[PDB]
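Required output: the full structure, derived from the provided sequences and hints.
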Amino acid sequence: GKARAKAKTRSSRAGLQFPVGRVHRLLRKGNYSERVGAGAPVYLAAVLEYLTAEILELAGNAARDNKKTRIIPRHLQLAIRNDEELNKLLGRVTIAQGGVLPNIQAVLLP
Amino acid sequence: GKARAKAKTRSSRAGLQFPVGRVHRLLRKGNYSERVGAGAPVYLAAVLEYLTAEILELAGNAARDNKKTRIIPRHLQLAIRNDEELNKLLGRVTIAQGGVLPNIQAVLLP
Amino acid sequence: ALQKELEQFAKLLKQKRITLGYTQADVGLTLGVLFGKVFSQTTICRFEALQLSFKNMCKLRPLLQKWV
Amino acid sequence: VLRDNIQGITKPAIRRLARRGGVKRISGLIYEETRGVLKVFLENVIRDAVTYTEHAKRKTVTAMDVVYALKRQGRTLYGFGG
Amino acid sequence: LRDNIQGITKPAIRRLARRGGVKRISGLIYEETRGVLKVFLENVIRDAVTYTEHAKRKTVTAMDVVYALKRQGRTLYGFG
Amino acid sequence: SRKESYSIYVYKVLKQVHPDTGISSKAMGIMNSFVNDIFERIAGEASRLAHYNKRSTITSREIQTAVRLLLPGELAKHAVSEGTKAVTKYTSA
Amino acid sequence: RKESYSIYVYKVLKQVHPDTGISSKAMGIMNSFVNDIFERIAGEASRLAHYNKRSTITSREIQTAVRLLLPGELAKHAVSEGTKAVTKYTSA
Amino acid sequence: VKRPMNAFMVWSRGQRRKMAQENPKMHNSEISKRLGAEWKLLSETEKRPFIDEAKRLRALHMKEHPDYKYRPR
Amino acid sequence: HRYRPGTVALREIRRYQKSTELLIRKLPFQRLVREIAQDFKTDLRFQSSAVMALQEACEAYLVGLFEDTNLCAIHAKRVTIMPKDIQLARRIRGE
Amino acid sequence: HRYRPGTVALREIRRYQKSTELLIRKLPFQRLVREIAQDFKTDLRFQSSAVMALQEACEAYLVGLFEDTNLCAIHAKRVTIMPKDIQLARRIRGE
DNA sequence: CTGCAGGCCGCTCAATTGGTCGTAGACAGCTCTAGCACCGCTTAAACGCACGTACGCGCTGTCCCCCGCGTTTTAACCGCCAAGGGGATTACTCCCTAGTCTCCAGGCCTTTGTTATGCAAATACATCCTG
DNA sequence: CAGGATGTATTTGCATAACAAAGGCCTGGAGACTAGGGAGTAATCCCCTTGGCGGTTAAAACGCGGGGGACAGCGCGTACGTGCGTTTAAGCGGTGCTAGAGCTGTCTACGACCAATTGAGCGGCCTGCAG
Numbered sequence: 009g010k011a012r013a014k015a016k017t018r019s020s021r022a023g024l025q026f027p028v029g030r031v032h033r034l035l036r037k038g039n040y041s042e043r044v045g046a047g048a049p050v051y052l053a054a055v056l057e058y059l060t061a062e063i064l065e066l067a068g069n070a071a072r073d074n075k076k077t078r079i080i081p082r083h084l085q086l087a088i089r090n091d092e093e094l095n096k097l098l099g100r101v102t103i104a105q106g107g108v109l110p111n112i113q114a115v116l117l118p
Numbered sequence: 009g010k011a012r013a014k015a016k017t018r019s020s021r022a023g024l025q026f027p028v029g030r031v032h033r034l035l036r037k038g039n040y041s042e043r044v045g046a047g048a049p050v051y052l053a054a055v056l057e058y059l060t061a062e063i064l065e066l067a068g069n070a071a072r073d074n075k076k077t078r079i080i081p082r083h084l085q086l087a088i089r090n091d092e093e094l095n096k097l098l099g100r101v102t103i104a105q106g107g108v109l110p111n112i113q114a115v116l117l118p
Numbered sequence: 141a142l143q144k145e146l147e148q149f150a151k152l153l154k155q156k157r158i159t160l161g162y163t164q165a166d167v168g169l170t171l172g173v174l175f176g177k178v179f180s181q182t183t184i185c186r187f188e189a190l191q192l193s194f195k196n197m198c199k200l201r202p203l204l205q206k207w208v
Numbered sequence: 022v023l024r025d026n027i028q029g030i031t032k033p034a035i036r037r038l039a040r041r042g043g044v045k046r047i048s049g050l051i052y053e054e055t056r057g058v059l060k061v062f063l064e065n066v067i068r069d070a071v072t073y074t075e076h077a078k079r080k081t082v083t084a085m086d087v088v089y090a091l092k093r094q095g096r097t098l099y100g101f102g103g
Numbered sequence: 023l024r025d026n027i028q029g030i031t032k033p034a035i036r037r038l039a040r041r042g043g044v045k046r047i048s049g050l051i052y053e054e055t056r057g058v059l060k061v062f063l064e065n066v067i068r069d070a071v072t073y074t075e076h077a078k079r080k081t082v083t084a085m086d087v088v089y090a091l092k093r094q095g096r097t098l099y100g101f102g
Numbered sequence: 033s034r035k036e037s038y039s040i041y042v043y044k045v046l047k048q049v050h051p052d053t054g055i056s057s058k059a060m061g062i063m064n065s066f067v068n069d070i071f072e073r074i075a076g077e078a079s080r081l082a083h084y085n086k087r088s089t090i091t092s093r094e095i096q097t098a099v100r101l102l103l104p105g106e107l108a109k110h111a112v113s114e115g116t117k118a119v120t121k122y123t124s125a
Numbered sequence: 034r035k036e037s038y039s040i041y042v043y044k045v046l047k048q049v050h051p052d053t054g055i056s057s058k059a060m061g062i063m064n065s066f067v068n069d070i071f072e073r074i075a076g077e078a079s080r081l082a083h084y085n086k087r088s089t090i091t092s093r094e095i096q097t098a099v100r101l102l103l104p105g106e107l108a109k110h111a112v113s114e115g116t117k118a119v120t121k122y123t124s125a
Numbered sequence: 041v042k043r044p045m046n047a048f049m050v051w052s053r054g055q056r057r058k059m060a061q062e063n064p065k066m067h068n069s070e071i072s073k074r075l076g077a078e079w080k081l082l083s084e085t086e087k088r089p090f091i092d093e094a095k096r097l098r099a100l101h102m103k104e105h106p107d108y109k110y111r112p113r
Numbered sequence: 040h041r042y043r044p045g046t047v048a049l050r051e052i053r054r055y056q057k058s059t060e061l062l063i064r065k066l067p068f069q070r071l072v073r074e075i076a077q078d079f080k081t082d083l084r085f086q087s088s089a090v091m092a093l094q095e096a097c098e099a100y101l102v103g104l105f106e107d108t109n110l111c112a113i114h115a116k117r118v119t120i121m122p123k124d125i126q127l128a129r130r131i132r133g134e
Numbered sequence: 040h041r042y043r044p045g046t047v048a049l050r051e052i053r054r055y056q057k058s059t060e061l062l063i064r065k066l067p068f069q070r071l072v073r074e075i076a077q078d079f080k081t082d083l084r085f086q087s088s089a090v091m092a093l094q095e096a097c098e099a100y101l102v103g104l105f106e107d108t109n110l111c112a113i114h115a116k117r118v119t120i121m122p123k124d125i126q127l128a129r130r131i132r133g134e
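Chains as they are written, first to last, in the authors' numbering: chain G, 9 to 118; chain C, 9 to 118; chain K, 141 to 208; chain B, 22 to 103; chain F, 23 to 102; chain D, 33 to 125; chain H, 34 to 125; chain L, 41 to 113; chain A, 40 to 134; chain E, 40 to 134.
None of these hints come from the bench; they were simulated from the model.
Don't take each hint at face value.
Said to hold, decoys possible - Under the rule of at most 16 Å between Cα atoms (straight-line distance), these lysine to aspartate or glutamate pairs were calculated in the EDC-like manner:
1. G:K96 with H:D69
2. A:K80 with B:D69
3. C:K37 with D:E72
4. K:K151 with L:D107
5. B:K32 with B:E53
6. F:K92 with F:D69
7. K:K156 with L:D107
8. C:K96 with D:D69
9. G:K76 with H:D52
10. B:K80 with A:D82
11. E:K80 with F:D69
12. F:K60 with E:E134
13. K:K199 with K:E147
14. D:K44 with C:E65
15. D:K109 with C:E93
16. H:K109 with G:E93
17. C:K37 with G:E42
18. A:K123 with B:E54
19. G:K96 with E:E134
20. H:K86 with G:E42
21. C:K96 with A:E134
22. K:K199 with K:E145
23. K:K156 with K:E188
24. L:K58 with L:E70
25. B:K60 with B:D25
26. G:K37 with H:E77
27. F:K60 with E:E74
28. B:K60 with A:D78
29. H:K35 with H:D69
30. C:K37 with D:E77
31. A:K123 with B:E53
See the structure below:
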């Protein structure tokens, strides 16, 4: 991470891109708890950002498989399935225009 | 429909046996909401009591089917299944020592 | 070698156009007047930006050199 | 008043879905069985979306109400809401 | 200790299968059944332990088993 | 030093239907798990309804809707009838 | 309107694939994703606080919730980054 | 490095100050609306010096920054 | 030159798996939604996006069911799908 | 003077569908739980009721799987259960 | 006979009552979005038919893996005891997070007029299933 | 081979962004500041958890033969697939109407909160009877 103590924003203080201050705010709503700690949204924002990056990385690779320079819902869908762990976390999620994997069983072939 | 709305005990005033005053407290806690209305725990207590009665009624009948004068966990299990709607509500519940239904398939017979 | 020839001209064309106070649309329309074949400002922009194919740049370049 | 729009789902429409799922050969009895299943699935989703709409004392069902209807089924619809 | 997967005897497997309506069990089933049971236990135990650790304690309680099962989409009545 | 149970209320409900029928402590344990399960679910959905409408308060109305969302068919209906009554009555003289 | 993470999702993508764009629909998918995960973690963290009779959710509850919700190694990386971000945040 | 002003922008700059200052307490939102219309009502001759000044600023800008390109995010 | 039975079926399986668009017609679907909705209350309306959301959910549902159905038929050593193959999958799923 | 094969098996199904008793031996079960637990942490303890709570869930789980497994074998037009019948049921269940 | 059940005492703290206070939601009223109904025209998808054979069904026979007992071996269970490690309770102490207020930095709006920028159409190779 | 039919890669125009300039306004975030209740620490006691012990005996392991059912292979009939031509209504674009969604402001019946008052329920013990 950063080698400096200096920060301009809470997120820049954490070294994250996600809106840590907002995450803290969101945790105060939905009645999850009466009190929310300072380290909670920092920890959580890092998690959300990390997972976000993993999907996007793999989707970028899916875009490449299709020789594209652009991520579309389909590329996100393919990324999720190819990665076993994401295929559980979001395994049951329906993606608008995600399509399906091109799987045909051997018994169906010549 | 009673003429007695004077009862101090909320459960009695509501015509219920369930502890309406406590239901209020329980709704208040668990952070379900910030404010709980007056009719909220009353409505819910009636619901909880109604369902409780239905299980017990059917279980009492299950006890009789087995020629008994008592309800045991098994009789509760049979009651749940006998009523299809009740079954769905509790269709994913494992009952301690509940056993299973005597389902025999025709294809397994001589 | 062809890439460089095209790059060099595209730079010269842009500079000439700017110097003379012309727009990309003007180049497209003027080529129409000069040669009978009209080009859009999109094509001209892409030409200056070298976003076109080699053959397209090669076919167009002569007309643009003359325009200057 | 609408009626019998279950037949608005054409054989090809059913076939195409079955094909996406990997089905090569379809029995003529499938079309009717499929419809029964679709109708129930769809009906349950609509009812919950309507129920949410009714609670809010509104008349128009929103996409978000459909999303809530799916959320409780152990499903989510990404791109339509939260 | 180790090797407790053999502690689930053939009769134990069979009797469960019988309760489920099974008459005839291939000799290959016993091993396949064990693999399935083991996975079920691993997921439930691990979460029960996770809850126990969060509580900063050493003993796993019945309630921790309940929560572990709760997240599998199941509930268990009579244990709290 | 103990969490409250409903065993006293469950017992009483049983006898109003089957006054000559007893019940084991284990069966009571099952019924206590049951009551807490249903309570939690309804309260949970009521929370969501309040959230969806950007509210802070749960009233009898949210409970009613929550019942319909969670319970099937006739049981949902009677639960609604009894709940509606209990509240309509509750605020009455 | 409602809060979204479209600006953050966009930026995260370019830190990985700086020459790759993303459609508005894909952004909508990613917005649903972030909201879903946020709710789940906060939801489980709420249970942990409730179960242990507490009124406060801290980084620890989030950590436990992450382990319960995420599988395998994915969970570990999330935990490492979370632990670090907090450490860095306060170590300033 | 910023973008050179177009015909409208060079003109609106003069009229921005000739509306903002001469007509005080007026929002920039309102000024822009008015200036848009006012420009449309100008004759070619009235627009001309601003049209050519925009050319001059563009040529001058590029001369000062030979490799300058417009790239929005 | 007619392609033999099964040539097209494999192309259609391939093609629909690859595609991302809807397979069910929009107006027929929209009407089906409403016909059902009319049994809950009169004078109900839907956002155009709500109808799309419903259709997306429905196709995704049926495709998943057909895939499980197909596996059932394969287990039964068949290619042709029977109503029972659907029912078995649903039963196991608790539907 | 043996009961013909399938006679006892059918009767045993009937009997096990009547009883509520645990079928897996308690000590063997407990030990299995512990050895598994050691993969996460050693020197861990359990309440005696926690072990029983877990066992009840385990048997209920396996029986439910066997019921679906049995249906798969029936769908295959037979009685004998194969590992495949288990796997098919699990797949459909999403396990 | 174990575990269920009502009766008894004496608290005792959770529930009920009755007031103050502030605000979340009820309510009316205005704006104008997008949902609904409708018409005409084009044309891709659907309907119905005739024809052929790949697949589903039922029947036969082989043999081999599972079932049902009998006999022998294993460790699961029962009742019993003692040691001590961990969980629950209590009081006491610090310091973290809600709640309030102050102030700043960035973004928004707002108009024409370039420079891209991101795609739906066109067009030229590869690839494939019968002769 | 030798032709027909389908699928990728590679080029083109049509909307529609983002920037320039100015400065008043929005509001979200960050930075302090105090109050006081939540969580942390250490000390204390007692439950239940673990572990070991010995004996009884129900359950498990193993052998054996019998035969019921899985399995493969064969042949026949039909319902499914494949084109073809004709018919249908789905989709597109554009028009016009208004019902209901969404936002604002008023204000008031409701619930949170507090302190005082009260008895239905908790805990333990007595005591004898039903499944």
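Taken at face value, is the distance from the CA of F:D69 to the CA of E:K80 at most 16 Å? Measuring from Cα to Cα gives roughly 12 Å; hence the hint holds.
Next pair to validate is F:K60 with E:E74; report whether the Cα-Cα distance is within 16 Å. 11 Å, holds
Check whether the Cα positions of K:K151 and L:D107 lie no farther apart than 16 Å. With a Cα-Cα distance of about 10 Å, the restraint between K:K151 and L:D107 holds, given a limit of 16 Å.
Do the alpha carbons of G:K37 and H:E77 lie within 16 Å of each other, as the hint requires? It holds: about 15 Å lies between the C-alpha atoms, which stays within 16 Å.
Taking 16 Å as the top limit, are the C-alpha atoms of B:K60 and A:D78 close enough? 13 Å, holds
Need the status of pair C:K37, G:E42: alpha-carbon distance at most 16 Å? Holds - the C-alpha atoms of G:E42 and C:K37 are around 11 Å apart, at most 16 Å.
Proposed proximity, D:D69 with C:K96 (alpha carbon, max 16 Å): With Cα atoms ~14 Å apart, C:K96 and D:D69 stay inside 16 Å; holds.
Verify the proposed pairing of D:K109 with C:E93, using a straight-line Cα cut of 16 Å. This hinted pair holds, its Cα atoms lying about 11 Å apart.
Does C:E65 lie within 16 Å of D:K44 when you go C-alpha to C-alpha? Holds, at about 12 Å.
Taken at face value, is the distance from the CA of H:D69 to the CA of H:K35 at most 16 Å? 15 Å, holds
Hinted pair, alpha-carbon criterion (16 Å max): F:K60, E:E134. Please report holds or violated. 13 Å, holds
If you draw a straight line from the CA of C:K96 to the CA of A:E134, is it 16 Å or shorter? Roughly 11 Å separates the two Cα atoms, so the pair holds.
Violated hints: none; the structure is consistent with every hint.
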